[PDB]
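Q: Each chain is listed here by its residues.
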Amino acid sequence: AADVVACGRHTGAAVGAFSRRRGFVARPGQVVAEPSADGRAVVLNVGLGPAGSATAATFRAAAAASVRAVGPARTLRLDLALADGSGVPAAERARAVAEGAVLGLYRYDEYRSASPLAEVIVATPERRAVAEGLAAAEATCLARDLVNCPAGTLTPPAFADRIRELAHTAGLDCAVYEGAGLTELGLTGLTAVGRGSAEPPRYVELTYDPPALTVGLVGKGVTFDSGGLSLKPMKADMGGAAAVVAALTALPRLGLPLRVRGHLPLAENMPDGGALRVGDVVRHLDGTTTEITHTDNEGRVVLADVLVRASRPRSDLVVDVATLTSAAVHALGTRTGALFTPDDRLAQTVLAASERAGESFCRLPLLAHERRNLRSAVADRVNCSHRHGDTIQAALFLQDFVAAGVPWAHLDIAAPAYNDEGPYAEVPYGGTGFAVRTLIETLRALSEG
Amino acid sequence: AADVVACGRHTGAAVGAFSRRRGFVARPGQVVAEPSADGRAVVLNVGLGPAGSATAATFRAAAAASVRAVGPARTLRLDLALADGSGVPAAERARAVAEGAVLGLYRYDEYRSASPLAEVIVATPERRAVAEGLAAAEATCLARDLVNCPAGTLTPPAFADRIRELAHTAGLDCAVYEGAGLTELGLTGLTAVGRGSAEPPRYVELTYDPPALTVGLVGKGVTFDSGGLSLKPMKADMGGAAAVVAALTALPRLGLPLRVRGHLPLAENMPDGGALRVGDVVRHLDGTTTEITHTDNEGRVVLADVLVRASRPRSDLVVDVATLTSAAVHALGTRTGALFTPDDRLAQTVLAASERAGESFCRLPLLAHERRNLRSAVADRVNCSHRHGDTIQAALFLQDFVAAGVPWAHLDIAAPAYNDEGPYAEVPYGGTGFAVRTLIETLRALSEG
Amino acid sequence: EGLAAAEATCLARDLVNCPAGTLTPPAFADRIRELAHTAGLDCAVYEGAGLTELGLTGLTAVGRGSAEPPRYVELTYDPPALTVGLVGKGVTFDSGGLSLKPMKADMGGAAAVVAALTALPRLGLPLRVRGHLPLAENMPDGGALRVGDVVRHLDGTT
Ligand SMILES: [Cl-]
Ligand SMILES: [Cl-]
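Chains as they are written, first to last, in the working numbering: chain L, 1 to 449; chain W, 1001 to 1449; chain G, 2001 to 2158.
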């Protein structure tokens, strides 16, 4: 038997006298606990708001609120997806409730010294949708764990080792490049940025090959970013690599008819007697040059050569994900990512995917007039203009390295990848796993078309 | 006879040997001067780039480059709009060339102590288009003059006087509110913000009533902003009011079948023994309250009551224009404005209008999750969260004051209203008149539908 | 005369413009050696133990944080009755060290001295001129010069 049962209630739905006396008015995520009818167990009444305004995000948030209110129970049954009357179809309700339950239960206690809850059950006939939601949420929590991991544990070599182990679990193809084998690939930005650190850099390629469409995902894996010699105005700057790895791990379970390759440059950015210097010039894999005008804009320099490699003459589409710029957050706020692409059809695909996933993105323009801020007196471009517009300038910088004719999108997720404000809804303090579920929904949509 | 004739040349078009020897390759805006065939005058060869890639902006920029290269000539004939072969229709070429000529000739020398050019002629059969372009550019230059004017000359009372004089020129209806007559309107934000200054505030309503659609335009007219007691991290913070006034002055010439009302709060924000204090609460015209948490976010507080008045139970649509937030510029850069509206159809109308005008805007989202950053411990809202996302938060703040059911758009033009980098194309250093031409094109489109 | 003076100026411009990753102290010493060879200016490059022997304590202390080792170069034009010594600061990259700045152009003095010396054989001045060129990077590092450290100089002062 369930120790606790969570009942979804839209505004106007009947609850008992005790629930009314406690102030239950079905506000989204409001929870009031009471004894079960027979007095042997617990019932949670959980608000879903007005039936007419409810979305999948309402259900996701209500499930997370339910799991947070479980107390010392061993078993919890969520009946939330059985609540009908909203416009959210049964399968969408089931998927969202399953996701919210896993996301809301997430804890990162690995590094504390010194959970009665053994089973969460989602009630619904939509078993496929439950499975899909659990898998998406489990992938999100993998990314959360990677971001939360101290940089001393998750070094570039350790991260490469972890990716290899994850790949083995579905027999994703995995190649790890290190030392002389890495030098051979000509990823000059990665090796230049990574050299100051005592930890050597790594490059990992991770392939799902279950198709007619091949998608390349590029994820920024800076495991610790101190700003280098220039300083910042630090373990979470591998959030892009975390999102890409996690999305790839979810694909074998979903069984999408789509080939997907992950490209993952891993490094630390540290000050040191041998660190990358202001004024240095990097000669990239495509023969073009970048002048290092600020060592804290290292991400774009690392990604450059990987985008050349990923788009070389073959992937039909390349998507990069990176915690790239701080300028983004000033106008967009802390919970919204930035999307760049020249392809309007790809923009709509990514944006609709983010809406299904409950993740907030804003498309920003690849402004031609900001290219003047890439100009260098010495090299082909700079990595920092010291002027306003760095979020757009970084996107334009990356665009230079994507081979002619290859559709491309760039996701700048610096702010929403790490929550330094309190927990809310299904999102914890700290590493969030932001963009995992957007990526999965994007890949699902691309596989259909 | 013309002392100078400017000839438009697309890439591949024939020029003489001298022009080739000087390096003329028809780059957009490249100018090479040479003797006329008879040796009595001057010819400018002016680049228009590849015929296939040329836009109206190409023509606007080429015309501005031509006028800058005139030397001591008394008369200039631009033949640029006669260049065909691009996809830009003849009327669009003529309008753009006329605009670029006026915009490129602009100078603000009123305050220097101690122009042989008497006539600029645009050659084309499209005389209506030339007239339209000259009028749009003349309105833009009016806004440039107002922004460039020292704050000691353009005080709130002086600005109100200037608007009255401008209105008289077409018999636009004009009402100026001051002193006790101003107090009666209940524009509490304007009177609170304006009180520290020795200059009293003004409120001006300016109406074009030549229609079935009535549009309200609200323009922020802070003639000098010191930041108040809180300080800034200053004469150009009336760029929104300048744009609105200038757009209104252009309507009688164009003769649009559309009623348009301008609403213009004018004030200085100064530190003083009687200045607005951090912690003060403003009770607005709609009965709601705002807590002043930072005196440098005064614009939104001034606009609040005017939006109540402008949308009160009647205008079919309200558009506000304001140099509102500095956060905008960090990710968008210095040459792009921010557009906010909940109405997708209105967004497309404004964006297409800006494209016709050659002005850069980016639509940003009214993010529901940023409303939590409007919360106050004392009042209904704050004017500053001290958190990231202020550009979005300011838009949400303003949205609160627009009456239910009234379509609304907000243009945040803080960065592109004043060019503190060098002149380029048709844009000078200093006051730019940004958004005048977007507003005119928006009103044209609305009048058709 | 004008072409030669301007060509020397442009040599200095090239050295200053060169990225610090290319123009390291060892690379700069190599370039000076090659320039000297072109007129047979006498050139001595001091490195490692040979450098330590000269007792240029300030140079070795400042230069130690960097992965790049310091160099000291003496470059002599000896075509005279007057002998002039030119000393040029050759910090090829200055990060500020551990204290930080409030960076490749801090070898402009060494560049000017080297370039002036290269112009003398063409002009044929009846004057002996010696260049003295300490070359190093100033970097933060676990082994970098510390605030509070004391340098004992070649003259015994601190
Ligand atoms: Cl970067
Ligand atoms: Cl404001």
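I should point out that these hints are in silico values taken from the structure, not numbers from a laboratory.
Check before you lean on any hint, since a few could be wrong.
Stated by the list, open to error - Simulated crosslink set (DSS-like; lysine-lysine; CA at most 25 Å straight-line):
#, chain 1, residue 1, chain 2, residue 2
1, L, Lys232, W, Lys1232
2, G, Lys2089, L, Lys232
3, G, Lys2101, G, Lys2089
Q: Taking the numbered hints from earlier one at a time, note which ones the structure violates and give those numbers from smallest to largest.
A: 2
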